[PDB]
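Number of protein chains: 2
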Amino acid sequence: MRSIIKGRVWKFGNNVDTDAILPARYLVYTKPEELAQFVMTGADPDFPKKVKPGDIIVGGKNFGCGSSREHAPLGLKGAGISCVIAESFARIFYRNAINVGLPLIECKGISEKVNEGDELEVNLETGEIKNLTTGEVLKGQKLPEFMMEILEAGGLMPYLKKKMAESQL
Amino acid sequence: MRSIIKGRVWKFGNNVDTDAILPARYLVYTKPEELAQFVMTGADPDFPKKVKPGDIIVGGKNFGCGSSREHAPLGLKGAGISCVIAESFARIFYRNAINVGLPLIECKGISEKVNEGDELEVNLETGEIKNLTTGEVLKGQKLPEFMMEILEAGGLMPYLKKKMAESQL
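In the order they appear, the protein sequences are chains A and B.
For the first sequence, the residue numbers in the working numbering are 446 to 614.
For the second sequence, the residue numbers in the working numbering are 446 to 614.
Treat the hints with caution; some may be incorrect.
Which copy? The list can't say, so a pair holds if one copy fits it or any two copies do.
[As the list claims (entries may be wrong)] Derived pair list, reagent style DSS-like, types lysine-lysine, alpha-carbon separation capped at 27 Å: (1) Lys506 / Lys608; (2) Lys522 / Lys558; (3) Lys575 / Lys553; (4) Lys606 / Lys497; (5) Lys506 / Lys584; (6) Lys476 / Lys495; (7) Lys495 / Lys608; (8) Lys553 / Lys584; (9) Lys451 / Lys553; (10) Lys456 / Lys495; (11) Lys494 / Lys587; (12) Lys587 / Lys553; (13) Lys608 / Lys476; (14) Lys495 / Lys506; (15) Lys607 / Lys522; (16) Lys522 / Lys497.
Hints were generated in silico from the structure; no laboratory data involved.
Okay, chain A solo, but in the shape it has when bound:
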């Protein structure tokens, strides 16, 4: 589980909905490997041609808004997106993402301080964000240790297996 993430940024704006992230026509697919091929194609039909595993997505307010669509974060995960940093996240998208093991970070003002193509360093444990391209540094909201453990585990289900293997009732 890399606590500290360095990657180049793909940028998206406000109210980017689950249709932008994973179009309805791909709901036929349930595997992350399949879904990875179609990430963000609602917003940019060529996106899967540009993105590389390890890249970071930066979004505006209310990223992932819309009704539940687990395929959306599952696809980002499958594509190797290292994390998503946004001004804010829709609530359903947010929990779905943490539970599939996709790190998310809220950072007010991120939209003003990062450009598409910039290189970022993100410390998940502290929320500190460094724009390497520009030298600017920001303070996002850290992931608490409790949530780092879920992420480190790979998501909720593998998290559960570990917790149950260690129980005693």
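Fit chain B to the given chain A structure using the hints.
Showing chain B alone in chain A's frame:
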């Protein structure tokens, strides 16, 4: 569940271990109603005679330290402890507590700004803590909305129940 908890404080010190919280001789019990009767009896054998449901526990550093003992936060929960606020918590206790629906908040310096018997108002969502009998306002670490959801569900199992009940895949 309340975003805001108000309660009178019971105070304990540093490195309060799982034996202080729920002594080993009580491991024979698995129900919260039973364990409730013996909360904190390692540190204060009369504690169950004083504590009332809704009361808050304030702890020093490394509260809940020791090997995994699920009974310890289960007993606190069973006793109706509304919240535990500490300078810091042991990792294992911390996850065991959140996973049985027991709200925890970390607040550096809480030990010096609260007396036993003081009345506190704790905002779980922002982490802001008002010492009502003192007027002082302290800043604890907020529980992220993701964890608020687990607590609002009553713990990990009831959370999982609803999450699969809401699943598409």
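### Query
What are the numbers of the hints that this structure violates, sorted from low to high?
Violated hints: 4, 7, 11; rest satisfied.
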